[PDB]
Structure formats: structure tokens, C-alpha cells
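Based on these hints, arrange chain B on the given structure of chain A.
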Amino acid sequence: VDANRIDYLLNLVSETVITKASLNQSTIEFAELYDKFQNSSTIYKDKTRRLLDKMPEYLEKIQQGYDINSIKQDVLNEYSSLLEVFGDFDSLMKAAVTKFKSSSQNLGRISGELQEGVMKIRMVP
Amino acid sequence: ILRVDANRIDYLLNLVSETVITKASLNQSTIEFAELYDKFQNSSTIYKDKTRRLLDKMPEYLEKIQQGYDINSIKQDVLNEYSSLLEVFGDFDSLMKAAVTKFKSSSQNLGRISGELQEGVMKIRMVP
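Those protein sequence lines, which keep their order, are chains A and B. Those letters in the first sequence? Residues 5 to 129, by the authors' numbering. Those letters in the second sequence? Residues 2 to 129, by the authors' numbering.
Same shape as in the complex, but just chain A:
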């Protein structure tokens, strides 16, 4: 066999180990993203329960003549942040998907090269 053909196979395996390292890093990124979603989900579900449980106190104040605008001020000040409870989940997720897709596609390219290269040595008599 050609010496340079075997050195190409060694270089492809080197590319595989690097791609393996990047894919491992991607598993950690997606585990972190799962944790972030799970935490934000539990937090919003807990906080929205607290909001509903607060409503009778707001009613008591209104019944005593408290300004409804002050109630609105209290509600929005405490609870409007619910809108952002997931933080940067979506942008972090999109970036992690893009990075994972690139590494996975590169692995496909390497594996195709490995397949054809080793298959062509299997064809030498």
C-alpha cells in the first residue's frame, strides 16, 4: 500500500478525536440548557402560584379603598419579570445547536473519508 494513503487515514483519525472532544463539550452545553429550562419552569410555576395566592390580599386592599393603580404598580413590579424567566435559553440553545450541527456534519465528512479510504485498501490484492 501507498505510505501516503495510510498517513491520510492517521490524519482522519486525528480529526475524529478532535471532533469527539468538541461533541463532548456540546453534551455539557445541552445538559446546562436542560438545567436552565427545568429551573426556569419550576420557578415560573412556583411564582405564578404565589401571584394567584396574592390576589385576595390585593382584593382586601381594594375593598378598603386602595388605589387600583397602586395595585397595578405592585403587580407589575413584582411579576412582570415572569415574561423573561427563561432568560437567554433560546439564544444559548440556538448557538449550541449550530455548534453541534457543524461538528456532527464534520464527523459525517470524516467518516465518509474513512470509509472510502479503508475500503480502498480492502481492495488491494
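Among the hints, a few may not be true.
[As the list claims (entries may be wrong)] Below are the DSS-like pairs computed for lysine-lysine, each with C-alpha atoms no more than 27 angstroms apart in a straight line: (1) B:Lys-65 with A:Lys-76; (2) A:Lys-51 with B:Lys-76; (3) A:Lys-51 with A:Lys-40.
[Stated by the list, open to error] Derived CB-CB ranges, DEER-like: (4) B:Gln-77 with A:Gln-42: 29 to 35 angstroms; (5) A:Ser-74 with B:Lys-103: 48 to 54 angstroms; (6) B:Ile-22 with A:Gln-77: 57 to 63 angstroms; (7) B:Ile-22 with A:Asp-50: 38 to 44 angstroms.
I should point out that these hints are in silico values taken from the structure, not numbers from a laboratory. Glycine included, C-beta positions come from ideal geometry on N, C-alpha and C.
Okay, now just chain B, sitting in the frame of chain A:
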């Protein structure tokens, strides 16, 4: 200008086959996470619509109770908005966790295969 063992080349073929299988599984995991991103985006839009509606309704509904509206209808509608909001992402947390678990499994398998490929390809090289 190199000599290689035929049987070791067939062994490397089986390692490359395992690599291709793992790659196909990793590709499906990229699609799974892309689907989950899209699902999060769609459900997050609904989540914000529902949260804005609940926040707007609460002071309005307090005023309506004071104006003499049927209080049960107010309580019921708040609870109905609240349960819709609690369920807006459905089983996303479980689906995301399962997707991470599958990806971790295939990634670890790739690490094992890559170690075997490294030793396998280096040992086919014989002199003269």
C-alpha cells in the same frame, strides 16, 4: 510502499462501520434539538401572550369584583388562565432531558470508538 495485515483492515472496517452508525445517531440528535428549539420558540410566544393576559386581567378583575360582578366567574377565569399558563410547555422538560441523555450516550460511544480507531490505524503500519 507499506505492508498491512488484511485481517486488521477488516477489523478497521467494523470500527468505521460503528463510527458511521454513531454519526447517523448524532445527526438525528441535531435534528431533535433543532425541533426542541422550534418548540421552545413557539411555546415561549404563547407563554408570553398568556402571562401578559394574566397580568392585565388581575387588576381589571379586582375592579370588576368591586363593581359587583359575579365573583365566581372572576375566580374561575383567573384559575383557567393560570392552568393554561402552567401547561404551556407541556412535557418539554422531559423531552429535552431525554434528548440530552441520548446525545450523551452516542457521544460517549464515539469516544470509545475513536480510541479504538487510533490504536487500530496505528498498528496496521508494518515494516518494511
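Review point. Which of the stated hints cannot be reconciled with the structure, identified by number in ascending sequence?
Key: none
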